[PDB]
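> So you can see what is in the structure, the chains are spelled out below.
Number of protein chains: 10
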Amino acid sequence: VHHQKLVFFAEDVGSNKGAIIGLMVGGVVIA
Amino acid sequence: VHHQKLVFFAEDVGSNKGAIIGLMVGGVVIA
Amino acid sequence: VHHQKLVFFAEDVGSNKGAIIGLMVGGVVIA
Amino acid sequence: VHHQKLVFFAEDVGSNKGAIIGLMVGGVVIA
Amino acid sequence: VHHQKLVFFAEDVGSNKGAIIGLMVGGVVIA
Amino acid sequence: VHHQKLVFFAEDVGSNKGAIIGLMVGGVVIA
Amino acid sequence: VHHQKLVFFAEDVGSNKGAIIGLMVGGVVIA
Amino acid sequence: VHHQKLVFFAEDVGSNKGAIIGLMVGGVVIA
Amino acid sequence: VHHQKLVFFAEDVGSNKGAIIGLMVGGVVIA
Amino acid sequence: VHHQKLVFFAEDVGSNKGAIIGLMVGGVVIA
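Protein chains in written order, with the numbering used here: chain A, 1 to 31; chain B, 1 to 31; chain C, 1 to 31; chain D, 1 to 31; chain E, 1 to 31; chain F, 1 to 31; chain G, 1 to 31; chain H, 1 to 31; chain I, 1 to 31; chain J, 1 to 31.
These are calculated hints, taken from the structure and not from any lab test. Please note that a few of the clues may not be correct.
[To be verified] Quick list of simulated restraints, FRET-style, between CB atoms:
#1 B:24 x F:3: 40 to 48 Å
#2 C:1 x I:27: 51 to 59 Å
#3 C:1 x H:26: 55 to 63 Å
#4 E:22 x F:3: 49 to 57 Å
#5 F:14 x E:5: 35 to 43 Å
#6 E:15 x D:26: 22 to 30 Å
#7 I:12 x F:14: 55 to 63 Å
#8 B:27 x F:3: 45 to 53 Å
#9 F:14 x I:27: 30 to 38 Å
#10 A:1 x J:14: 42 to 50 Å
#11 B:4 x A:11: 17 to 25 Å
#12 J:27 x A:11: 29 to 37 Å
Each residue gets a CB set at the ideal place from its N, CA and C atoms; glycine is no exception.
Just chain A, with the same shape it has in the complex:
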């Protein structure tokens, strides 16, 4: 099994006020 660039951005990102996760297996995230 091989994972790569699971989430890809190719230009500007203004701002992030939420959650950006690549691989989510467990735990709690509150953004």
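Got chain A sorted already, so can you dock chains B, C, D, E, F, G, H, I and J onto it with the hints?
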């Protein structure tokens, strides 16, 4: 099995206030 | 298993006020 | 397993006021 | 098991007023 | 003319990611 | 003319990531 | 004309990552 | 014309990472 | 014209990592 660029953006993204996840297997996300 | 560049940004990022996580297995994050 | 470059930035980052984590296994983070 | 460059920055970082952690196993961080 | 408590909250507010304005006369708001 | 308590909160506010304005007459706000 | 307590908080405020303005007449705010 | 207590906090404020302005007439603020 | 207590805090303030301005007429602030 091979995963790659599961979510692809090709221009500007204004802002993110929600959730952007590539591969979601378990756990709790609250955006 | 091999993991690589799970979250990839290719241009400017204005600001981050939330969470940017690569591989989320456990624990609690509050952004 | 061989983890590498789990979170990759390729240009300027304006500012960070939240959390940037590479591999999250346990504990509590409050940003 | 071999970890490497878990969080990678390739250009300028303006400022950091939050948390930048490479591998988070336990304990409490409040930024 | 008298204005008083134009927007009233009486319990907890979880989070706000939009706009909460009391009296809107002019200008541009983008939330 | 008299303005008083144009926006009223009576309990806890979790977090604010948007705009909270009392009296908006002109100018540009981007939250 | 008399302005008084245009934005009123009566309990704890967790955090602010946006804009809290009382009287907005001109200029540019980017939070 | 009389201005008084344009923004009022009555309990603890956890942290501020944005802008808290009382009377905004001109200029540029980037938080 | 009389200005008085344009921004009022009545309890503890944890920390400030942004801007707290009373009367903003001109100039540039980057927090």
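> Failing hints, ascending?
As far as the earlier hints go, only 7 is violated by this structure.
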